[PDB]
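Taking the form solved without this ligand, here's one chain by itself in structure tokens.
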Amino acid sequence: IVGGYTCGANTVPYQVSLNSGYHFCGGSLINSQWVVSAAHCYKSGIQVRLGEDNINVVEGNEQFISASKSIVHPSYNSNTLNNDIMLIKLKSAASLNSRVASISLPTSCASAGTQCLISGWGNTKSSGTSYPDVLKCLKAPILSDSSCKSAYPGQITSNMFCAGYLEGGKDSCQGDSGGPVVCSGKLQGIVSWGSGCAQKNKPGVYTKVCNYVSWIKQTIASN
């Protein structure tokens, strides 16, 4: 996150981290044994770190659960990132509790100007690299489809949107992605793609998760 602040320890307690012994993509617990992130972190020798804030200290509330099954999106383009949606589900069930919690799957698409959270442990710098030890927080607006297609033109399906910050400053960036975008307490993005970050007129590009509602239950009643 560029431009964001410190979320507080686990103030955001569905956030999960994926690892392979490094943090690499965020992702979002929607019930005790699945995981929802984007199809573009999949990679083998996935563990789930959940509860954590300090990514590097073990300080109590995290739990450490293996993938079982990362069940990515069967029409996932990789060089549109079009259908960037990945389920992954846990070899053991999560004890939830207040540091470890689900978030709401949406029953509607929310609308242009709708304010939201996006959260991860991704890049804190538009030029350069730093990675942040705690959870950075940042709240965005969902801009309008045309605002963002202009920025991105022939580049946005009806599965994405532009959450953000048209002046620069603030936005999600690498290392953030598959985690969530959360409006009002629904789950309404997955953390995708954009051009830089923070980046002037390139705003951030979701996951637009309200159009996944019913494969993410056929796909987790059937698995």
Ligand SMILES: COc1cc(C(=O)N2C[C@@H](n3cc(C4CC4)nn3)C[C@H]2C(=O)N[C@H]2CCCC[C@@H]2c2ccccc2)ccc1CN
Given for the second form:
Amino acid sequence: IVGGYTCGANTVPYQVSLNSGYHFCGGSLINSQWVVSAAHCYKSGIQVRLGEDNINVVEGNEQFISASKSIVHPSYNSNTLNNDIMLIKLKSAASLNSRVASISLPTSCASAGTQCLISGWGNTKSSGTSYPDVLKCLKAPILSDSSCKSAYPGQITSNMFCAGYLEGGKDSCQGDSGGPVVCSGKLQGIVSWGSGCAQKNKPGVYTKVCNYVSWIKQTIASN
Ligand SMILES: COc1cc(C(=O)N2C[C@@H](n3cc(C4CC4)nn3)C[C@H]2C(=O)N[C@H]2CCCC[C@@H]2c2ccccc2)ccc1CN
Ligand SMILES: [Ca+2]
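Output the structure of the form deposited with this ligand bound; the preceding block shows the form solved without this ligand.
After this comes the whole thing, all chains and molecules, with the earlier chain placed first.
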């Protein structure tokens, strides 16, 4: 997260860190046994890390649970990042409390102008690299489909939305992908892609979660 703020320990209780020997992606807990992430976060040997603040120190609220199954969206295209969504089943159910909690799925799609919360352990610099240890947050609005399409000609599908600031300076970044975009307590987006970070007219691009609720519910109900 570039130009964000320190969330505060366990203040984003649904935020998970996907670890394969190191943090490589964010995720969102949607029930005690399932995490929602980006399909580009797919890999073998994922350990889901819940209740994290500092991802480099055991602070006492973590739950480390290996993934038993990963389900990439059947229509994910890694070249266009269309349908950039994946489900991860936990080997054991997470113990839910105030610090480790599921995030509700949307009942409807959030509009442009809706204020959301984006969070993650991604790079905090727009030029250069600095990975934070603690969870970073960014309050950002959803951008109109027209401004999103104008920023990224020929790249925005009906399964994507932009959020952030066209003036730049505040964006998600390397390491935040897979993580949440939560608006009014609903998971509306997954950190997906961009062109650099916090650059003018290049806001972050997010997977449009409301388009996947039926697939998520059906998948959970059968796996
Ligand atoms: C460039 O813009 C952004 C970027 C991000 C952001 O985090 N990204 C962009 C994501 N991505 C993947 C792909 C296609 C090729 C499959 N296109 N974009 C991956 C992630 C990232 O680089 N993660 C590093 C951080 C270090 C360890 C390895 C991780 C990693 C690399 C690859 C796959 C998973 C994890 C998130 C938000 C924005 C918006 N500014
Ligand atoms: Ca920790």
